[PDB]
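Missing here: one protein chain of the complex. Every other protein chain is in place.
Chain nomenclature is as follows: A, B, C, D and E, assigned in order of appearance, with residue numbering initiated at 1 for each chain independently.
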Amino acid sequence: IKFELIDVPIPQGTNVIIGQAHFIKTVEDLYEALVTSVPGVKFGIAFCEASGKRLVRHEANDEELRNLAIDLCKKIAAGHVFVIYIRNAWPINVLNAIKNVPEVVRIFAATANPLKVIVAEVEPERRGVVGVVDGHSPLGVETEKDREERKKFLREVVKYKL
Amino acid sequence: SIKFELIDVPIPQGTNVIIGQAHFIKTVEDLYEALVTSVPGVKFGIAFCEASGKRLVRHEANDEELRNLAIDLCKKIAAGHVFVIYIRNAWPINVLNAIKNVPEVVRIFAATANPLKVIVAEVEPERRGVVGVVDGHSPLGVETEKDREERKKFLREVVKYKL
Amino acid sequence: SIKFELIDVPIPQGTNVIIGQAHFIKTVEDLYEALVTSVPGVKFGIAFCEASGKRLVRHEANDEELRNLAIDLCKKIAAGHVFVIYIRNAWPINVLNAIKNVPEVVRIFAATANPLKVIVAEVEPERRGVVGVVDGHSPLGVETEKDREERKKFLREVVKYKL
Amino acid sequence: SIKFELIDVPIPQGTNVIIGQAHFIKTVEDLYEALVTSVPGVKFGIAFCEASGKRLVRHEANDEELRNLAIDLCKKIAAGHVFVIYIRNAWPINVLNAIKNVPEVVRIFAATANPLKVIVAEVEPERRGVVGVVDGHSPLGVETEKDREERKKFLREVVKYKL
Amino acid sequence: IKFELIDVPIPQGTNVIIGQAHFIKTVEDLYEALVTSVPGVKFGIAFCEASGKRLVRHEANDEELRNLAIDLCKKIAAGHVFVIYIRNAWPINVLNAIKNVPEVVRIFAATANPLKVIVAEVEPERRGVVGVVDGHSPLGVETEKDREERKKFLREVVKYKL
Partner (left out) sequence: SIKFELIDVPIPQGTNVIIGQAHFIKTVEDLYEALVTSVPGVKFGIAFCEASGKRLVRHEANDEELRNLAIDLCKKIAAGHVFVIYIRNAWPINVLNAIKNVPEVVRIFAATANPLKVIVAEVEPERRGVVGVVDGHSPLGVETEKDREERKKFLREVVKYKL
């Protein structure tokens, strides 16, 4: 076993969702999950066909997001992984829909942080995803006042709680 | 320190395998029920590695070949709370969302009929877990627009899962 | 270039732990609500590893013991976006599905009261990922038709989860 | 040649009722399982109108008071494929998502402790269907910013379902 | 407000599923829910487009079942109602997928019993479903002997329980 670290580019205003699925129908099912989630949303989806032609398959509505999706696919280089990049939507806007796509088996990351995918290579052409490093270690525990500012952020800034 | 081990997963033609991790003894009867209620003709085996107490591989089936594949696989992986399902006469897409929703199922590793290996970490004597999976082969290149059009044709005219 | 470290998870009698990965600071509030609306008189603590900005283990609880258990285990794992929940007077099967459905939550690694280690990779300093769990111990043998009866009756007559 | 009839629904203090439509005789063990696996020490009784064959009200319970209250609603409503559940030590919120996901359940009409009526149509003798429910009473006015602040306080400080 | 009783034709070997949805996309989404549930299923699905062209939209893989579908729509004749007829699958095989189709708002019946739909016409051309009459009323309460024999059945015959 060889462990390789695959660094994920996230231009600002993007988020990436990286996970695993199966069956070629994953790329059309994911295009439809995203496109029926948020009017407006801009995305690229790529999926690593793990057999047959073994082609990186893709759908997008934005060209920059299609190339990003497709190059992470080629960098990860691991059968059945999929990569989504989104603009004009947050992951929480589309997560549950992705989760319920019957091809989707698991999701490794949903984020905009600094992000590494840990890949095992066990033999040439035989790769899998072993984990992610989504952002950074803690610096401390939150205090009573860090709490207030997080509660006030949710209610006053992004308005997701009352 | 930590030992990594690679398990080759037997996939007789016409089978698919679903590997996951769950908890609690009720896993095995709840998976059994997920499966049987999903596709009228479904043939399956299911095995679950009980991680405490007696620590037996619990199983159910309506096929003996598939029951046996499932138990061997759990004997090879030998990781607490891991389960193994082998299926004939259903595709994983037919069954997978009902597995996800089984209250004991925390996680699913793989669902495939490709060449497949499991990465198991064994950290101590008799203390193993799944690190991950190698599902088929890495990519040979990028789909062209003409590639897209045969896969679209495949989905609409061959398997008819699309209009 | 990768260090694997093993984090042993304390589970005092009567508590189960749930470990997974999420994203976004609303994670702590949504998790709290999923816990408290699931079972009356559940007690629990939940801690979340905010992966950037101030970088704080964020927490909620209605039990002081179970709170510090969770804050502590996040302090030790030290991996961005990991959440840990400890619960009494609730089984993980009474709360898990709600947990799966929290939009922030992306994966669950373990729900258990077994002996448990989390294997963590560190790639640079400060930069850590949960790679897997070792939930309990490996199988000691296959179940026989008598051990099957034991397990069926225990579900029927003792915990009363099946008819 | 349609008559409607109103069925009043007894709800003793500390119970809630759930009434729905389903199908197939497994409805009753599936709803059994859905309830007990949701909350430790929930008390309940569940009844279901089998609409073909021997046409028997089918039932399961861990409380005889709740089980008779459920059978009696079934016998009144007297509509094929309807189910009634009465529960103590659990709120409809602790259990509704699992009920909705039971593959036999097609709709839920009410989950409530309020005063309740079921509107039933009878199209022929022995042929009946639920048309509606009357759950509690019609509004008296519109919430003021002050009523709002007291409802914010009730969910945060009293019940603790929000933060 | 006139109430009108529609009798639903159920051929030996079919089941019927009748609900309410919205938006034209309903018909493709229902077709995909069905065909990705059970490999062998034959079905017909029809949807009552409630605006615009206002037409019965259908998809099928069985002409008989396709027509049974269109025929019950034409009778209920109520905006946004959909009808599905299935051979070689049971409702439990598909129901949850159908629940989670974003266009689907309610399901009124899933069954193979003698069945009536109650339709309210409030205005000409303005109709909606008010209920169903799914088979017949209870003839008695289960005994424990009856309970044993239903449990034996689920366990030994349909094999859905252990």
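Just so we're on the same page, contacts are C-beta pairs under 8 Å (C-beta built on N, C-alpha and C of every residue); 3 or more make two chains touch, one makes a residue touch a chain.
For the options D:124, D:143 or D:149, the residue in contact with the chain missing from this view is D:143. Those residues of chain E that touch the chain absent from the view are 1, 20, 22-25, 27-28, 48-51, 53-58, 70, 73-74, 77-80, 99-100, 102-103, 105-106, 120, 122-123, 125-131. By the touch criterion stated above, the residues of chain D touching the omitted chain are 4, 6, 91-93, 96-97, 100, 107-112, 114-115, 117, 119, 131-143, 147-148, 151, 154-155, 159, 161-162.
Hidden from this view is one chain, which touches chain B at 152, 162-163.
Throughout what follows, only the chains that are shown with their structure count from here on.
Centroid to centroid, with C-alpha atoms defining each point, chain A and chain C lie 23 Å apart. The mean-CA centres of chain B and chain D are about 37 angstrom from one another, to the nearest whole unit. In chain A, the residues touching two or more other chains are 99-100, 102, 106, 130-131, 161.
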